[PDB]
Each structure stands twice: as C-alpha cells, then as structure tokens.
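Trainee: Chain by chain, the residues run as shown.
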Amino acid sequence: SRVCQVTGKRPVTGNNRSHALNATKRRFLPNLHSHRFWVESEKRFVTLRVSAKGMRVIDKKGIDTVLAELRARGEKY
Amino acid sequence: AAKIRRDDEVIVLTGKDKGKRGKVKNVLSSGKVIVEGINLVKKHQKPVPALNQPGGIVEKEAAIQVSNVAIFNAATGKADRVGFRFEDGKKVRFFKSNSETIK
Amino acid sequence: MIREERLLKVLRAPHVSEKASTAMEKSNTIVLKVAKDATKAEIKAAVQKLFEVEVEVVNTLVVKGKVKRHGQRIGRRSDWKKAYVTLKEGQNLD
Amino acid sequence: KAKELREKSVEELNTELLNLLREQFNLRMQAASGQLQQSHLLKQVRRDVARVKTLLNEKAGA
Amino acid sequence: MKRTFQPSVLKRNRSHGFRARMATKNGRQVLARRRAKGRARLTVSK
Amino acid sequence: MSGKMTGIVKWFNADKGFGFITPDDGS
RNA sequence: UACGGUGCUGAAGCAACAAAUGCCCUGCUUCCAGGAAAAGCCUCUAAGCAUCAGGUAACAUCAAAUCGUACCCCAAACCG
RNA sequence: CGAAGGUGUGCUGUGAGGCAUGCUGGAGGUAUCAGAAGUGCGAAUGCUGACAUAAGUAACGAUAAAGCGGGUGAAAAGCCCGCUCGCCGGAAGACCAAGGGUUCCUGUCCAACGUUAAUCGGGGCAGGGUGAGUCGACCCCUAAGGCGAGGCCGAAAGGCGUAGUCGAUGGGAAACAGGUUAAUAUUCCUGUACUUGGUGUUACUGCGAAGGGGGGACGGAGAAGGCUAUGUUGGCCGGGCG
RNA sequence: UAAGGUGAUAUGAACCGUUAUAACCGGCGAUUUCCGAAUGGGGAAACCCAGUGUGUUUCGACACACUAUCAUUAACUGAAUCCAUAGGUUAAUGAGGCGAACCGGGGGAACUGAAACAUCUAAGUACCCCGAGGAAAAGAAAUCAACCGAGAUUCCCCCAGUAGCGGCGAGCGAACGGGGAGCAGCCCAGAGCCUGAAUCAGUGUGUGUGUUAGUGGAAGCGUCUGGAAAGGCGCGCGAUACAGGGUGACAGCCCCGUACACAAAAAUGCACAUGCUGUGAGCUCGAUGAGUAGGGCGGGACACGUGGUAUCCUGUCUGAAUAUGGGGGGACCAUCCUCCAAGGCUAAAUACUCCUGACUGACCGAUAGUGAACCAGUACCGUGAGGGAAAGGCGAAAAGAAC
Ligand SMILES: [Mg+2]
Ligand SMILES: [Mg+2]
Ligand SMILES: [Mg+2]
Ligand SMILES: [Mg+2]
Ligand SMILES: [Mg+2]
Ligand SMILES: [Mg+2]
Ligand SMILES: [Mg+2]
Ligand SMILES: [Mg+2]
Ligand SMILES: [Mg+2]
Ligand SMILES: [Mg+2]
Ligand SMILES: [Mg+2]
Ligand SMILES: [Mg+2]
Ligand SMILES: [Mg+2]
Ligand SMILES: [Mg+2]
Ligand SMILES: [Mg+2]
Ligand SMILES: [Mg+2]
Ligand SMILES: [Mg+2]
Ligand SMILES: [Mg+2]
Ligand SMILES: [Mg+2]
Ligand SMILES: [Mg+2]
Ligand SMILES: [Mg+2]
Ligand SMILES: [Mg+2]
Ligand SMILES: [Mg+2]
Ligand SMILES: [Mg+2]
Ligand SMILES: [Mg+2]
Ligand SMILES: [Mg+2]
Ligand SMILES: [Mg+2]
Ligand SMILES: [Mg+2]
Ligand SMILES: [Mg+2]
Ligand SMILES: [Mg+2]
Ligand SMILES: [Mg+2]
Ligand SMILES: [Mg+2]
Ligand SMILES: [Mg+2]
Ligand SMILES: [Mg+2]
Ligand SMILES: [Mg+2]
Ligand SMILES: [Mg+2]
Ligand SMILES: [Mg+2]
Ligand SMILES: [Mg+2]
Ligand SMILES: [Mg+2]
Ligand SMILES: [Mg+2]
Ligand SMILES: [Mg+2]
Ligand SMILES: [Mg+2]
Ligand SMILES: [Mg+2]
Ligand SMILES: [Mg+2]
Ligand SMILES: [Mg+2]
Ligand SMILES: [Mg+2]
Ligand SMILES: [Mg+2]
Ligand SMILES: [Mg+2]
Ligand SMILES: [Mg+2]
Ligand SMILES: [Mg+2]
Ligand SMILES: [Mg+2]
Ligand SMILES: [Mg+2]
Ligand SMILES: [Mg+2]
Ligand SMILES: [Mg+2]
Ligand SMILES: [Mg+2]
Ligand SMILES: [Mg+2]
Ligand SMILES: [Mg+2]
Ligand SMILES: [Mg+2]
Ligand SMILES: [Mg+2]
Ligand SMILES: [Mg+2]
Ligand SMILES: [Mg+2]
Ligand SMILES: [Mg+2]
Ligand SMILES: [Mg+2]
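Residue numbers (this note's numbering), protein chains in the order written: chain A, -14 to 62; chain B, 5 to 107; chain C, 299 to 392; chain D, 9 to 70; chain E, 625 to 670; chain F, 136 to 162.
Just so you know, the hints here were simulated from the structure itself, not pulled from any lab data. Watch out, some of these pointers could steer you wrong.
[To be verified] Label-pair distances were calculated between CB atoms; the ranges are:
| no. | chain 1 | residue 1 | chain 2 | residue 2 | range |
| --- | --- | --- | --- | --- | --- |
| 1 | C | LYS347 | B | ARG9 | 52 to 58 Å |
| 2 | D | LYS67 | C | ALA339 | 28 to 34 Å |
| 3 | F | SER137 | B | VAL52 | 41 to 47 Å |
| 4 | C | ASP335 | E | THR648 | 55 to 61 Å |
Every residue, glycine too, gets a C-beta built ideally from N, C-alpha and C.
With the sequences and hints as input, model every part of the structure.
Mentor: Shown next, in the form of structure tokens:
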C-alpha cells in the first residue's frame, strides 16, 4: 500500500483538467521509497517505506523520535 | 374472578327459554355454559358400530352465553348481579342486592 | 461399557411384520425399531442386558420416511432405524 | 415431588432415576404393543425424570 | 436435443452452495438478502 | 390454472414466435 | 394340494472340434509426436533407546464402526 | 310493521337525474345547509376475472397387428387366465453410474389424472419393504485446480501466493457357489474361504524418520502365438414312436 | 391467581384438579441436540476424521474437559552471529459475526437538462467500502464586525431567490445582520506551595419513582312486536364510569371493561442521598504546540467554473519569524481594529424507528389496503442471483341432515 509510514500520506484523487476543461479522475501518489536508516541506539538498520517529506522529517526530528511515534501509533517496523 | 361457576343455579335472561332456571353443568372457556335442561337441540347422531351406538335423533343440551344468564337469588326469587368482596382475606361472591354473600 | 441410561434410550419398539415373524421363527431373529443414533454395539449390549438374552450378531438399516399429504398439505414422516437382531440358538423372547 | 426428593442423597437420586428409566422402558415397549391403556404414565414419568435431573444439577455444581 | 440443464449435485453445491456463498463477501450479501426477504429455502443446499 | 397460466403467458410468448413466413423484402 | 404351490426323491453329468474385440499382455517388436504424481509396500540408517522399548515367527483371542443398498436407468420414473 | 343492495312498474324534470311502490333481500341508511375529493369510462394492440365464437370442428402422438373363449365386475375392444398371431432381438433384452427420490410389493377405491372406457395404473388411501469386516462410499495418497498461517502487494474491499491443507475422473487389504422373500441379497441362510488391525503368551533379537534409495510408474501402432468364456457335433442318460 | 384444565387444525382417548406445589400469568433460575462468526482439522451447511489430559472398565471400551486465528501484555526459550535480534512456545485479557433507519469518513457514476453537445448540470446523487453511537458529527475564536460593538457549537424562521457565480447560457446560490430553541465550559504541553480540597468514575447501601404478574370497581324492571330484544311504549336508577367491545336486531344499568382507588416475594431502570475505592482542588511563578505558517507547480473545497479571487485542504518541491512576534479584515499596500494557529475533551437543543405500549384517523374495506386479512415471500418459475401469485363471509348456535 502506497502509504508513508511516517506521515501517513496516501494516494488522493483529483482531476486532469484539459484545456477545454475536460475532467478525468486521476490519482496523486506519494513519492515513496524504501530506505534503510541507521539507528545508532539499536545499532542496526531499519527499513522504512517512507516519502521524501518523511525523510526530511527524520532528518529534522531524528529517527528515534519517529520510531517512538510509530510505536505509539502501533505500527510495526 | 368468574362470577358464574359450575354448580351454581341460574336463571335465563334472554333466548327461547327466557325465565327458566337450572343448574350449570359445566362452563366453557369460550364464555359459555351448559345449563342442565334448557337449550335443547336435537342432533341427528350417526350410528357407529364401534362405540355401540345405533344412531338416532338424540336431544341434548347446547351451550349458552354467560351474559344471557344470571344467578338466581332464591331469597328474592329473582336474578341478582354478582359482586366480589373479601371475607377473612378470602375473595367471596355476594349478591349486589342485599349485599348477601353467595354460598 | 455403555452406560445403562443410554442403553435404556436406544431401544424404541419391536417391529411387527410378516418378515419379522418369519425371521423370528426360522432364523431366530427379532426385528426392532431403534433409536436413530444407535450403533450395533449399543444394541447388542442393550438386548443382552434389558432382555437377558445372548446376541450373536446385529444387522442394521435406515428406513427413509415417506412423503404424505394430509388433505392437500404436503408432509414428510421421520426416518427411523431398524435392527435385525440374531439371537443365539435356544434363546427365546416374547 | 421436588420437596420429597430434595431430602435425598445423590446416590438415592441416581437410584430413583435409574428405576424411573427402567419403568419408562417397560412402558414404551408396552405401548409399542397394544397393551398399555394408560397413556398418561409416559408423561408423568417424563416429568419426574426431569425433576430428578434438575435436582441433581442443583445439588451438584450448584 | 441436448438441453441446458444437465444436473450434477456436486457441481450444484460447489457453484451455488452454502459454503460457496459464505466464502466470499458478495456471497454473504446474498444470504442477507434472502433472510431479509424471508426465504424458506435460503440456498440450494439440502 | 392461472399459475399454469403463468406458464401459458410467461412462455407462449417466450416461445418468441418464429417469424414472418414469406421470404419477401418489400424492398 | 388354498391348484397358487409345498414336501420327498433324483439319472447322466463325458469327449472332440471350432473359438474371441476377453486373458497371458503393465508383454514382444517398432515408431516419434518421446508418453501423471504421491502414498501404501520393500529397504537403509539418523538422532534416540540399550536387553527396556520396539521387530518377525507361531498360536490364541477380540474387533472391523458409520453411510448407501428398494425402484427406473436409452426411459412413461433423467434433461426436454 | 323490513335498511342498503338487486329486479320490475308507474310518475316526474330541459338534462345529468329524482320520487313512490311490488318481489327478493335480511341490517343498516341518512334529510337539509355547508365542507373535502382515490368524484362519473366504450375505446388506451389498456389490467384482472368470467363467458362466448369458430365447433361438438381438427385432433386422440410413429402403418409392430391383432383374433377368440372363460373369469371378475354395475358395466369389459383395452384388466386377469388361456390358445393362436405379429414385433424387437448389438434390443424395443439384462446390469449399473449420473440424475430422480418410494415411482418398489400387497390390499382397497375410480371423484380427479390417464388425450376413450376403465374393474386397470408409475393415480388416490392404508400397510409393508432396502440387513454387508470382503460391493460402493467414508478412509490413506495425490493430479489439474481451489483455499491459503505468516508473507508480498494494493484507496478500502481485496489480489497473488510459501509452509501447508482440500480436491477423483486416477493409486491403495480382503468372498465365492447354491438356496430363499409378495417385495432385499456377493448383505439373509447352508457350505467353503480370505484380509487388516489390536491385545496376549512362547521362541528369536537391532529397533527407530518428517529423512535416503527402490517400487508404485504409466505412450501410440502392429504382429502373431498360447488359452478361456462360449458354441457345435458326438457320446451318455431320461422320455417318445407320432 | 385459581375452579377448572392436558397449545391449534381437531374430535376422541387416557388423566389431573376443585382452597391450594391442577392449570394459567410474571420474575429469577436450570437444561439448552446439530449447523451456522462456528472457533480441534476438514468440509458439497445441518456431515466426516481426530489429538491431549483426567476419570471409569465386567479390557469390549465408555464419560468429561481442552485444543481456532489475530492483537496486546508477561514469562520462558532462542538462529545465521559474540552479545543481541528475528523467530518459537506457554499463559492472561480482548476482538471476530448479525442487524431497519439515522451519523461521520474513503471512493464515486450516467441517463437527463442545456430544446444538439464537450465547459456546466444531474450530483458529491445513486452505488460500493470502512467505523461508531443511541444519537453521531462539530464545538469554546489565529471568529465576525466596522472604529460602534458582539462573544463556542448545533437547529428553526427571516435576510433572499438578494449579492454574486455562470458557454454571464441552462442553471447554482450565499453571507453580514436580526428573531428564536437550547446554553457550559475545561485540560496538557510544569514546576513549586499548601495536600486530598472541586468534580468525575466505579462499587455498595438506603429512599423515592417507574417497569416486568395483577385487585376492586356503580346502577332496570314491566309490556308489545318478533325466531330471538339490546328495539318500541311505560316507569325508575348510576355517573370523577354515556371510552370501547361482546352478547340470538341498536344495551349507561347483561358481560368484559372504563373513571377512580390500590397492589410486588423477586429482578431491573432512573433519580437523589450516603458509604467505600479511585480521582485530584486551589494559589504563585512560568511556558504558549516547526518541516508548521507561508510560498512555487497541479488539483479539490468554499454560492465563487482562475477570474482582478481572498479563505480552507494538500499530491509534489521548498520553507519562516516565534509575544518587541504572527494571522485575518475578499487582489494589493499603509493605518487602525480584532484574534492567537500548527495538542486535545465536552451536555443540550438536532436526525431516525428493526421493536414495545397506549391512542387517533373527512385512510382502505378483499381487483382496495402490505406482495401477503387465508400455513405468503408460500405455491410456482429460473442453473443462479432473483422473480413471485391466486385464494375472505353457512347459521345466533352445527342444531352440519337420524331414517
Ligand atoms: Mg463529470
Ligand atoms: Mg451377518
Ligand atoms: Mg449397511
Ligand atoms: Mg437392486
Ligand atoms: Mg430399457
Ligand atoms: Mg319486502
Ligand atoms: Mg354505503
Ligand atoms: Mg333499491
Ligand atoms: Mg329493495
Ligand atoms: Mg353522515
Ligand atoms: Mg378516476
Ligand atoms: Mg367497463
Ligand atoms: Mg371515448
Ligand atoms: Mg378494452
Ligand atoms: Mg363448439
Ligand atoms: Mg368448418
Ligand atoms: Mg371435416
Ligand atoms: Mg378426423
Ligand atoms: Mg397412441
Ligand atoms: Mg374378451
Ligand atoms: Mg388395444
Ligand atoms: Mg394375453
Ligand atoms: Mg421378427
Ligand atoms: Mg406416491
Ligand atoms: Mg407397481
Ligand atoms: Mg394398490
Ligand atoms: Mg366410472
Ligand atoms: Mg377417463
Ligand atoms: Mg400408486
Ligand atoms: Mg483410501
Ligand atoms: Mg496444489
Ligand atoms: Mg491464494
Ligand atoms: Mg495473511
Ligand atoms: Mg488429502
Ligand atoms: Mg474415484
Ligand atoms: Mg427386484
Ligand atoms: Mg520414498
Ligand atoms: Mg500407453
Ligand atoms: Mg472349452
Ligand atoms: Mg405322423
Ligand atoms: Mg386439545
Ligand atoms: Mg472450521
Ligand atoms: Mg470444528
Ligand atoms: Mg485433515
Ligand atoms: Mg452528461
Ligand atoms: Mg440535452
Ligand atoms: Mg462527540
Ligand atoms: Mg474593542
Ligand atoms: Mg377486574
Ligand atoms: Mg362492573
Ligand atoms: Mg347477553
Ligand atoms: Mg339480523
Ligand atoms: Mg498556539
Ligand atoms: Mg500551505
Ligand atoms: Mg496565495
Ligand atoms: Mg495550490
Ligand atoms: Mg508547504
Ligand atoms: Mg492562513
Ligand atoms: Mg479589505
Ligand atoms: Mg485549539
Ligand atoms: Mg390483496
Ligand atoms: Mg366482495
Ligand atoms: Mg427450484
């Protein structure tokens, strides 16, 4: 499932509007990527299917804070 | 909480026997009684070899509505409506006239 | 050992018939209407206890119920079970 | 008869239940033939068995 | 001529039976409709 | 029987008719 | 003899020939298009067991449950 | 001391209509003045039910074929018994699977069903009838394929699929002859067998698997040879002498 | 509570009971086969096959319990790999499924209308899915206003078919403000001080009020017609009861009831009160929700279709200040006013009716009214999803026609 584990981003639905304003339903997918994050405390790598916004979030808050949030959310990693 | 019971002597208020008296033989669950000797019909009884009935025109008693009968008050010689009271913590019947307990 | 209460609920009735009279007088076999869940061992123990008689073998069959019409309304009778109980020779039963 | 049967033991109730069931068997075979001409005894027995099983579930496990 | 109904109870029950209905989501919605309508015979299954 | 009549109507029209019986296109 | 039946008794009961599309044959020969699986069965040991467990050999004994079995089935009983 | 409704008659109004009354019917009806409408039917190849018409017409479902006597019976072309005749006979005979689900047998009935009658019936009603260690299923095994712990994926539902687990149409132990019932029989009976599990003694002593190997285990066509089923003839026995 | 009962078609048989364990009604209990979430494994629903343990055994074997999956927690164990971790196993607690409408959310049509049609409309409708509750949702101003001021949310009447939006077409369509229903405010981002202080929750008890069986309950005779009186004609009586229904024709006074008066061993609801348990109250000084606001691109929502378009949401790329600061006031700037986002909770008024009880109807009266007044979601049809009927009335009483 195209879900960022960190931010909870999700494929949303919208429209392709043409020049003649013809509306067709499309989707807006998140830029998800699987990345191994070095956790220094547990001294191991943890793979997360995370968006690039979430990678900026981990670079700002730190990965320990985020894995605390995922445990408080009740999400496996 | 039934006013007219089994062994009671009643008089007939309405019908082809308006004024006759008799004893109740049994009361039915449909709100009807069979009074001894009153609502006589002649049933054409079919013979049965089993049960040893030759089969004939048997005259017997039909049921009648309780509303059509009333308890004969042998004191006054008339019909009286029936009320309920408690005597000794026990629900008894009494005549509405003269407030006398039905026995 | 089968419990006596079950052995008392196994047997329902004797089945009277021309075939039953023949099997009783020739092969010394009684014909019983039994409970539907009753097995052959339960039957053999019941006859050996409640009638005090020695059973050689038990043959069973299931009787399918007939489809009847009471008036014009359809209906179906119950399936019941029938046991041919072969007694040993010399044994006798009412 | 629940009042009478309450003043009994567990083994006495089991004895009565087993005598009831023997009577129920002998009635059922008697009515299987045309011998039984008191049909109400089957009902009386079926209730009395129910009273015994009831009191056994009261005295045991309750 | 060969007509379109050539019966087979095994194929009837594997295709339209109770457990085939209860297996999937949409089949369970069928039994809810037939119970709501008040069908006596809810399925094929005898 | 109007239920055997149901058969009658339900499928003496679902017999569907065969068709016109003159190979004529009035063309 | 209920004319339906039931009971008793009971001869000979061999050979030759022909002979299958059936059996030997899951064979044989041959061809190319190159022709299921798994268990039962047999056997081998592993940890384990060490004279116990288990194994086969004989004999004895017990058990083998439950369900179907009627009837039509190229058809008046199935699909029409 | 007879309502509505139904059916007639008489009278009356320009009309939609109104009034009275006879019969039926056997218990509700309602002036006036206002009010509200599911408010007026001949048509919609209108909807539902009933009855006509054609018409006592067509047809009565393979051109395999019937005839007679007797019986039963209210009644016999159709039922039963009998003698003839004809038809199938690689089926129009017999056994099953699938499927149906008591149509089986016996007694009784003939309203309806049966393209006629029906005493008959697969029809109505009642009763009876299906007996397995060896047949089959269940069961052990798997195929195609299905489901699918976890798992991977996916807006959600859900999709695929590992371990596994289901799944025969295929693999896997074992019974034959004779007799018998109105109806069951490789199921009952008689006779003679067989198989797999148990426990238990006695002798003997390497047992052990979720593992290894073997086996199971496999195509088409063709050619003969050896047989049997089975049949024919002879012999034999019993009967016959037209 | 009771003198009559053993449900109906539907008689009969055999019985029970009549002063109180007959029956009947209610409360609490007991039992509660098999399938089905179905949960020991499987499975063509109502079937097949087990395992472990504890008991019995007349050794043939019987009975009972347990054994699903997932989540969370705890214990033990435990790889590659040293620790470790993954994994494994036990145990405990919970969930799972069904169900009418209402509710919130994730997705999301077309016919149609535009007299064609593509923007638009239909319409965020139908439908599908997820989750919850008796209501939900929202909700305590980074709001409106306009230099006067108001003071959470929700609902109704106006404003107003206005302002606007719009192939400026068809059509869509507010708000400010006003009148009402109802009203309620709080907490954490943090330390102390006083300490148990408000309130809430649970659990007891007590009281009250209901509910789940029930009790009493007034008062009419004569005559006529007639099959039968409740009708007619006389003469009375009741009424806090002339609501209604039944009774052989239309009954205030025949019956059931009604008005009114009461009633609960037991269970339970709602209130209070109180006990216990938990919960913290208040004061001071602080702190004041960052990948956020905002921006670029693409879309969506706001009545507002990108237009000069504010505001809200965010798929993508970025990216502040932080109380001397920031947001809004419909492009935008300046001044002024007003408010304090990036954390939460919260009753009421509001919406609905599978179901229960009472009552009502210028609603129907058997081709109507529910499809169904009657054994109807039946018969029947269809492989299936699904479709889906017809069919009421003897009489007061069977006295249902002996012969
Ligand atoms: Mg569109
Ligand atoms: Mg045998
Ligand atoms: Mg059998
Ligand atoms: Mg047979
Ligand atoms: Mg044939
Ligand atoms: Mg008249
Ligand atoms: Mg009228
Ligand atoms: Mg008239
Ligand atoms: Mg008239
Ligand atoms: Mg009127
Ligand atoms: Mg009209
Ligand atoms: Mg007309
Ligand atoms: Mg016209
Ligand atoms: Mg017409
Ligand atoms: Mg004609
Ligand atoms: Mg003509
Ligand atoms: Mg002619
Ligand atoms: Mg002709
Ligand atoms: Mg013919
Ligand atoms: Mg003749
Ligand atoms: Mg003929
Ligand atoms: Mg003949
Ligand atoms: Mg010929
Ligand atoms: Mg039949
Ligand atoms: Mg026959
Ligand atoms: Mg017959
Ligand atoms: Mg005739
Ligand atoms: Mg005929
Ligand atoms: Mg028949
Ligand atoms: Mg097998
Ligand atoms: Mg497979
Ligand atoms: Mg799968
Ligand atoms: Mg999974
Ligand atoms: Mg298997
Ligand atoms: Mg097979
Ligand atoms: Mg036969
Ligand atoms: Mg192998
Ligand atoms: Mg081959
Ligand atoms: Mg030979
Ligand atoms: Mg001659
Ligand atoms: Mg009864
Ligand atoms: Mg299961
Ligand atoms: Mg299970
Ligand atoms: Mg299994
Ligand atoms: Mg359109
Ligand atoms: Mg248009
Ligand atoms: Mg809320
Ligand atoms: Mg101010
Ligand atoms: Mg009362
Ligand atoms: Mg009264
Ligand atoms: Mg009366
Ligand atoms: Mg009348
Ligand atoms: Mg803030
Ligand atoms: Mg932004
Ligand atoms: Mg902007
Ligand atoms: Mg944007
Ligand atoms: Mg941004
Ligand atoms: Mg902003
Ligand atoms: Mg401005
Ligand atoms: Mg806030
Ligand atoms: Mg109707
Ligand atoms: Mg009518
Ligand atoms: Mg069907």
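Trainee: Taking 55 to 61 Å as the hint, is the beta-carbon distance of C/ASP335 and E/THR648 inside that range?
Mentor: Roughly 35 Å apart at Cβ, these two residues miss the hinted range, so it is violated.
Trainee: Please test the hint of 52 to 58 Å on the beta carbon pair from C/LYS347 and B/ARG9.
Mentor: At 54 Å between Cβs, range holds.
Trainee: If I claimed the Cβ atoms of F/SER137 and B/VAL52 lie 41 to 47 Å apart, would that claim hold in this structure?
Mentor: holds, 43 Å
Trainee: Looking only at beta-carbon atoms, does the pair D/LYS67, C/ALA339 fall within the given range of 28 to 34 Å?
Mentor: The hint (28 to 34 Å, Cβ to Cβ) holds, given that D/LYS67 and C/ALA339 are roughly 33 Å apart.
The structure is inconsistent with hint 4 alone, although it conforms to all the rest.
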